[PDB]
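Only one chain is included here, represented as C-alpha cells and corresponding to the form deposited without its partner chain.
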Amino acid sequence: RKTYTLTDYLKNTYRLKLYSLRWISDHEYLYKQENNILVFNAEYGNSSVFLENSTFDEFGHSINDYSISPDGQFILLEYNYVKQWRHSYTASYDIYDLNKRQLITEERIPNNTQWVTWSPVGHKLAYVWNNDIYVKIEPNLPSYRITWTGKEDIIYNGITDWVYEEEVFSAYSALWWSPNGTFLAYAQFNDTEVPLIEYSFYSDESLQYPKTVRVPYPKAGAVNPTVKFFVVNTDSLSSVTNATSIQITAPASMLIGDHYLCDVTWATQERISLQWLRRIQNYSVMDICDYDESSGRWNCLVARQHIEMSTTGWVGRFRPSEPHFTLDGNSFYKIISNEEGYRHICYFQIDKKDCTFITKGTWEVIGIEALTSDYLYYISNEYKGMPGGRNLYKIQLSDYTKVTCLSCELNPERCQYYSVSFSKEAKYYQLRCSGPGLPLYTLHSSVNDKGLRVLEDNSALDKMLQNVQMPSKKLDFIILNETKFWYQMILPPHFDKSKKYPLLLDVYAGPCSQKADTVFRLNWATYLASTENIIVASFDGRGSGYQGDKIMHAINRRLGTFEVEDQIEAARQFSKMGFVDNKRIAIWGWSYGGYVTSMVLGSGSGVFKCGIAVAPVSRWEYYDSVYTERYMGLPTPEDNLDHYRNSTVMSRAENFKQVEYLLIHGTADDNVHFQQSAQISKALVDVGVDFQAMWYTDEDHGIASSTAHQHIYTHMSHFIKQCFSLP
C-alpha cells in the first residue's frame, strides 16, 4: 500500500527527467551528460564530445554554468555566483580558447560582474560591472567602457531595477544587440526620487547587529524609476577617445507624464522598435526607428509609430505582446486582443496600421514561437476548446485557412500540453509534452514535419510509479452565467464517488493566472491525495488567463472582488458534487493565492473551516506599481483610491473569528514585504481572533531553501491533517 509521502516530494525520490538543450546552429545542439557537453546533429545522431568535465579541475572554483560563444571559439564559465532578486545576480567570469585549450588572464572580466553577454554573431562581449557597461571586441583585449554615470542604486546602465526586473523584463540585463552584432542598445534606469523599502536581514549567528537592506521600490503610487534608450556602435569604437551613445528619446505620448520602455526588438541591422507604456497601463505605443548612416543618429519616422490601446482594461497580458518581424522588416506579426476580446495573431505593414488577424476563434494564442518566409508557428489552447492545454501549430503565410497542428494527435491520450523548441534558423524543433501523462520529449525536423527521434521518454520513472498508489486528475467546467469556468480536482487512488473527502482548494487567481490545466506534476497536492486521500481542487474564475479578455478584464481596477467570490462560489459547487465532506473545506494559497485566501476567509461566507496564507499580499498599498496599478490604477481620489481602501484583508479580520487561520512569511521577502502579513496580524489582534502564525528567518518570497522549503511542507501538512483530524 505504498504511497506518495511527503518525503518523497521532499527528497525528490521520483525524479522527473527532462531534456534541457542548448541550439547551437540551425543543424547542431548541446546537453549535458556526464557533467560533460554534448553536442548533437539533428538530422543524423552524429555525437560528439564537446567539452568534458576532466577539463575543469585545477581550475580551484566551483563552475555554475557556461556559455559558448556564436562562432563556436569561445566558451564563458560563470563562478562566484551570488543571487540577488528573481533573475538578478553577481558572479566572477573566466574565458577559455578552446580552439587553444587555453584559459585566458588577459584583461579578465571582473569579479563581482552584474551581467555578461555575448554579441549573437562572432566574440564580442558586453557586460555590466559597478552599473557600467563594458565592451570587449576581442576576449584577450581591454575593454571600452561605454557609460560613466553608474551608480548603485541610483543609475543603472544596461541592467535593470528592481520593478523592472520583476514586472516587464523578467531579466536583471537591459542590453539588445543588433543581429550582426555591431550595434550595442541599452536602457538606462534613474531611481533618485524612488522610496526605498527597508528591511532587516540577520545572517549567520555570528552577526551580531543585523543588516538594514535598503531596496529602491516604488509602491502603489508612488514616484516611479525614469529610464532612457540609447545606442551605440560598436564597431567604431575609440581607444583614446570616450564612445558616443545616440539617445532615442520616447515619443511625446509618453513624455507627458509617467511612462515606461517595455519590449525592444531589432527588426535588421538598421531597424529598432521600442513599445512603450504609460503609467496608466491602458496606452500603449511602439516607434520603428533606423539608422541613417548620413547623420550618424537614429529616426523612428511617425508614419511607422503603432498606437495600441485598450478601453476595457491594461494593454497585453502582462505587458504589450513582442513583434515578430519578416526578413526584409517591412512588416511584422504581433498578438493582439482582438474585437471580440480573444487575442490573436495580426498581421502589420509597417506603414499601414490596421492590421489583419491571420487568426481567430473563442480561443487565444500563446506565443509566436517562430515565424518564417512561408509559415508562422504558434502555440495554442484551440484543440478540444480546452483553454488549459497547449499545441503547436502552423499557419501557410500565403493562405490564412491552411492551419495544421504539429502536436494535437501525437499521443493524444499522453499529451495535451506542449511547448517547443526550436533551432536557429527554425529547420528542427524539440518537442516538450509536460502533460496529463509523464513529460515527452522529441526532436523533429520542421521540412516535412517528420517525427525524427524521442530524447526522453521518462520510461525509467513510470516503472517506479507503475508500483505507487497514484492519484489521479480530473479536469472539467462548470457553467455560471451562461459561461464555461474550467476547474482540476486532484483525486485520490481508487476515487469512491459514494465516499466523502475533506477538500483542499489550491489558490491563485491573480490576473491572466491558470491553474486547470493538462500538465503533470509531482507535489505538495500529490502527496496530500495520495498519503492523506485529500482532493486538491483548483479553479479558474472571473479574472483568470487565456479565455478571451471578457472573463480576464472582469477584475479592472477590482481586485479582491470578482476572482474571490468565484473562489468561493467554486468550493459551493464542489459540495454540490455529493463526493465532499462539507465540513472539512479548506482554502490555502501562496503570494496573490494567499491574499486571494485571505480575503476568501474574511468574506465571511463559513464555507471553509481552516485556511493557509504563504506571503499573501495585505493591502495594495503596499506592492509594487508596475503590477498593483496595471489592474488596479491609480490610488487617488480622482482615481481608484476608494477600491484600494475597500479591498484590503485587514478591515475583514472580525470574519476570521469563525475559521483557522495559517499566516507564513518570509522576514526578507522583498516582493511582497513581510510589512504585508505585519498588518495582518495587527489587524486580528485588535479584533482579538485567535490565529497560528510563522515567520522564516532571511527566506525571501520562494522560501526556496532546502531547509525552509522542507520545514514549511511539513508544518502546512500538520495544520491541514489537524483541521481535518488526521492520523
Contents of the next structure:
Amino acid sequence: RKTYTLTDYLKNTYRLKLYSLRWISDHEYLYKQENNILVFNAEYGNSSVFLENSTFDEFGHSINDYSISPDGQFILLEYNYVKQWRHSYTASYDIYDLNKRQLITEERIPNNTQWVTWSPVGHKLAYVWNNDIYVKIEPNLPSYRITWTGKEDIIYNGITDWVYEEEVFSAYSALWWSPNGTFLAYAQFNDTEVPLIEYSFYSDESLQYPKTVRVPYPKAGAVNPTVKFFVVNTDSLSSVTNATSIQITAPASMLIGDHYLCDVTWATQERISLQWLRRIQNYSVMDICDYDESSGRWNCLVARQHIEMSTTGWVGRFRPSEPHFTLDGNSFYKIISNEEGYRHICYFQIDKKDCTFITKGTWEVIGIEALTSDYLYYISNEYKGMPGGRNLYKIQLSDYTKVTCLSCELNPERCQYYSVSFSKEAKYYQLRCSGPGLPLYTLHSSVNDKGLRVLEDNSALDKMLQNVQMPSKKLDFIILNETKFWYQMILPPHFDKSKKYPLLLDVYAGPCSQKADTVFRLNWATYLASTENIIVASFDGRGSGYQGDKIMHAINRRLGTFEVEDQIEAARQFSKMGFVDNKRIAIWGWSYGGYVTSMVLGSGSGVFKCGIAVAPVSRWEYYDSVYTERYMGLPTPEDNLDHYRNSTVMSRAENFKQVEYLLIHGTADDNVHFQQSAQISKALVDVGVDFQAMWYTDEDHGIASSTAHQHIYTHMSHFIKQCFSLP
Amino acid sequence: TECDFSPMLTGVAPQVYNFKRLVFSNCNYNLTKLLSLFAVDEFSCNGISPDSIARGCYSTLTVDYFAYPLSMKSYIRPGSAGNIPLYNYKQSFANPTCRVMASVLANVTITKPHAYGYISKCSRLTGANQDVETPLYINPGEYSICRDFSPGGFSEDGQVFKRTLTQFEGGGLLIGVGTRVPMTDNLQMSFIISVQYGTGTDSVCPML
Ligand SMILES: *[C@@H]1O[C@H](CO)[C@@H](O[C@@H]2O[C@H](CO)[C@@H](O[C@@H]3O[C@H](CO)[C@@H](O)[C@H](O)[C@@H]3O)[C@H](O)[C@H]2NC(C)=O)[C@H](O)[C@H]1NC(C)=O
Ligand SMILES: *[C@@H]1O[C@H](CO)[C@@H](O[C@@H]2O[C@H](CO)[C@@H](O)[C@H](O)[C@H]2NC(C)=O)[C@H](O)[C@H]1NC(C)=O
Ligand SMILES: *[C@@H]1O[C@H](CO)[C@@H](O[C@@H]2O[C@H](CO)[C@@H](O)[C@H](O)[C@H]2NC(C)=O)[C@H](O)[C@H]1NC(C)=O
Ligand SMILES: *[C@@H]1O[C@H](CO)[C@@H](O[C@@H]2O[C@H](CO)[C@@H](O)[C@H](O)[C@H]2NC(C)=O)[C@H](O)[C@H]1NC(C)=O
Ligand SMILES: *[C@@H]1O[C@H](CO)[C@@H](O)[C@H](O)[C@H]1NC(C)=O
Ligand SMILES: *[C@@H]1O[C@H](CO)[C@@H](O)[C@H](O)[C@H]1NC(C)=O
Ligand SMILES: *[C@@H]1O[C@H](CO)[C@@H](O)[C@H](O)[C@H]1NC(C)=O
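If the structure you just shared is the form deposited without its partner chain, then what does the corresponding form deposited with its partner chain bound look like?
After this comes the whole thing, all chains and molecules, with the earlier chain placed first.
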C-alpha cells in the first residue's frame, strides 16, 4: 500500500472533517453546508436555508467571516481582513437586514475597525475604531462615542495591547456586555512607558527601504502596561452629551503596586466579577461589584472579596480560573487547587470566605462547561486515571455523590478525548471526540442524555486511509522516583520490536503542557513514522500539567532545569527499550520546545546526535513579562536573577561541538523575537561551533504562510533524513 | 457692616473634597445680590424656607462652597450615599441648611479649575499580605484624609495615591483614588448655607 508522505502532509490530501456549529437558541444552531448557512433543529435534525450562498456573490468583496445578531434580524459581514497578532486584526464591516434582505447603507461601521460585537440579546453593536469604543443602538442609526482617550500604541479602549492579547485574555477584545445588554464593561490599557521592540520588515520586493516595526512589549522585569476598568450604561446614551463611564477600581491590595486585570465575568444583570493579579503572580483577588443607581457607582463590597493565592507556585494553570455563577448570582463554582495540589470544583458563597469542594481525587477538572439549577457539567481526566484523556461528566447539585460520566462508555475504543458545546440553557449538547480514533461528532439531548444522531463520523477519510500504511500510537508511562510520567510514541506501520529504529524526540515541555495524550493527529510526525520509519516520541515530565501541582510547580522559579533533565532521562529509557537505535536519537521543538531542545543539546549528555530548534527562547530576560515572571519572578538580585542568568542557551555554546544543530527563526517574530536566535548563533560562532541555520523573511512565530510552512518542513525533513543516514 | 461674599468668587473654585468655608458674624448680608450672579438649578432647604433664609437674623452665617457639576446633583442629597458624602463632602443637618446648585453666569469672570474632581476611594491597608482593607469615611464638615494627596484636583481620571500612615494615624498604608469630570462651558458650583440663632449680642441680619 501507500505511505503517508511529506507531500500528503503539505498538500493536505487526507482531510479531517469537522462539524462546527453555532447555537443560536436552546434548540437551534447554524451550520455551513456547501457554502450556504443552514439552520438546524436539534431535536428533529431537519434544516432550512438561513442564508443562500448566492446572497453575496454580487457584494463586490470576498467575505472572510460573518456574525448573526442574537435576535436573528441582522448579519454582520466581515471583509478586508488584515491580520495583526495571534488574535488581533482589522476589517471592514457591512451590516445586512435579514427580513428586508438588504444591505444597510447608512451610518456604516468604518473601515479598519479593530473589533465588533453584538450585544448578547437583541441587536446592539459595540465596536472599536482607532482605539476608541463606539456603540450603535440600531444598525442604521448614528454611533455614540464612549471614549476619547484612544491613541495608537499608547491608549487602548476595549481592546488589548500586545502582552494582554497574548498572555492574559487570549483575545484582542476587551469588551464585556452585561447579560441583557444594558451595560458595556471595558478595560483601558495604557502602554505609555512600555519599551518598544523594534525589528525590520522587508515586505514586497518593490519596497526600497525596509520598514521598522515598533511594538510596545514589556520584556521580563521591564515597565508593564497599566489597566483601568469601566462600565457604561448603553440604555442612557445621549446624542447630545458625552457618555459617562463608571470606573470600577482594583482593590487596594492591588493598587499598592504592579498588577493585572486577568478575568472579567458578569454574574447577573447588575453584578460583575473581576479578578486581579499582583505582578508577583502567586496572589490574586476576586471582587464582586453590584450596581447602585441611588449612589451612582459600582459598589465592590470588601466582605465579598475572595482571595486566591499559591504557596508552591503561581495561581491557576496560566491564570486564575473563571467563576460560574448560579442564576441568582449569590453563589458560584470555580476550579481551584486543593490541599493535595489537585484542581477540583469548589463551591462559593459570594459573602463567605470558605468554600466547599464538590469533587476530589488524584485527577483534575479541566473546565466547567455548563451550569443548570440541577446539574454542573465539567470535563476531567478521571477516566482510567489517564491524564491525557478528556470526558464529559455531570454532577447533581443536590447530591455531590451522584456523578455521571456522559462520554466514557459511548465508544471506549475510538473515543477517549472529548470536548463539548452546549445549547442555551444546556438543553442540547454536541460531543466532539478527537481520538484516539478518527474524530467523531454527535448530538445529545440533556433531559435524559439520549444520543440523537451522528453529525460527522469521518467515514470518507476512513475509506481513504485503508489504502495507506498508517502509523500507530502507543500511550503509556514510565516511572521516575515512584511517580508515573506519561509518554507517547508514533510507531511506524508493521512495527517490529526486534528491529532498531531511529527516534525523534518531539518536545514542548513548557509549564502545564501536555504532549502525551489520546488525540488523533495527521501531521509531520505521521510522515516521519509512516514513510521514513522514524519513531517520534513525546514525554510529559516535571512541569507538565493536569497531574497536580507537585508535578506542575516542580519547575517553579527554575525554568530550564527539571523539564530539561526529564527529557534527557526519558530519552535514556527509550534507548534502553530495545527497538531504539541509540546511535540515532534526535530532538526537535518549537518556541518553548525550541528552548528545551537547545538546552538539551547543550547539556553534553551524549544521548542526542542532532536536533532542531524553531523560534526558541534563548534567554528569559528576552521574553515578555507576564509569561516569564509568572514562572521566574523578577530578574533582580533580590529576587531571581541568578536563575535568570544560569538558564540561558548561550551559556552552553561549548557543548554544541558534540551535536548537529539546525536553528530556524522568522525575522518578523513579534512573540519570540529574532534577537533570541540571533544571540544563540553569535554565542556558537564565538566559540567555534559549526551549525546549520535558516531565517524566514517576514515570517512570524507561526511561520504559517503557505509557502513558508511547506519550505520549513521540507528543509527539516532533509535535515532529519541526512542526520539519520536515510537515503 | 456688609457681608463679604467676595472670597467665594475670587481665585480658583476649590474642589468638593477641599471645600472652603466662610463664617459670618456681626455682618449684614444681601443674599438676593449674591444669588443674582448665578443661574440656580436647585435650592433645597432644611429647617428653613428659601424665603426666610434671605430675611432672617442669625448669630452665625456659615457658607461652605466648592466647584461641583450639576450632573452629580443627586449624589450629594441626604441619605443617598455615595462617593461624595463618603469621601468628599457630607452635609450637616444639625442646623437649618440650604443647598444651592448653580452655574455661574457668563460675564462673571471666574477662573475655573482644569476639571472637576472627587475622591472615589480611600482605604487603610494592614496585614502581612497587605490586604486588610478598611474604607475611611468622613464626618460631616470634615476633610478626607485623602484630601492632602492632591488638593487642587486630578490630572488623570482614576489617579492613584499611596502613603504610609504614621503610628498616630493608625499606621499601615493609605490608598486613595480620584476621578476626573471634564470641566463645563460655564463653571458649575454648589454652596451650603447654614444659620444659627444664638442668644448672644451680635447678629447677622439682612440689609435695609
Ligand atoms: C497612562 O499612563 C501614563 C503613564 O503613567 C500617564 O501619564 C502620566 O500621568 C501623570 C498624572 O498623575 C502625569 O503627571 C505628573 O504628576 C506629578 C504630580 O503628582 C507631577 O510631578 C507632574 O508635574 C505631573 O503632573 C505624568 O506626567 C504622565 N506621564 C506621561 C504622560 O508620560 C497617563 O495619565 C495615563 N493615561 C490614562 C488615560 O490613563
Ligand atoms: C423542522 O420541522 C418542524 C416540523 O416537524 C417545522 O415546524 C413546522 O413548520 C411548518 C412549516 O413552516 C408549520 O406549518 C408547522 O406549524 C410547524 N410545526 C411545528 C410543530 O413547529 C420546523 O420549522 C422545521 N425547522 C427547520 C429549521 O427546518
Ligand atoms: C466630548 O469630549 C470631547 C473630548 O474631550 C470634546 O471634544 C474636545 O473638546 C476640546 C475642548 O477644548 C478640544 O480641545 C478637543 O479638540 C475636542 N476634541 C477631542 C477629540 O478631544 C467634546 O466637545 C465633548 N462633547 C460634548 C458634547 O461635550
Ligand atoms: C509569592 O512568591 C514570592 C517569591 O517566592 C514570595 O516572596 C518570598 O517569600 C520567601 C519565603 O516566603 C521570602 O523568604 C522572600 O524574602 C520573599 N521575597 C522574595 C523576593 O523571594 C511570597 O511570599 C509569595 N506570596 C505568597 C502569598 O505566597
Ligand atoms: C451554492 O449552493 C449550491 C447548492 O446546491 C451548490 O451547488 C453551489 O456549488 C454553491 N455555490 C458555491 C459558490 O459554493
Ligand atoms: C472604505 O474604503 C473604500 C475605499 O477607499 C471606500 O470606497 C469606502 O467608502 C470606505 N468605507 C467606509 C465605511 O468609509
Ligand atoms: C436589563 O437589566 C436591567 C438591570 O437589571 C434592567 O433595568 C432592564 O430593564 C433589563 N432590560 C431588559 C430588556 O430586560
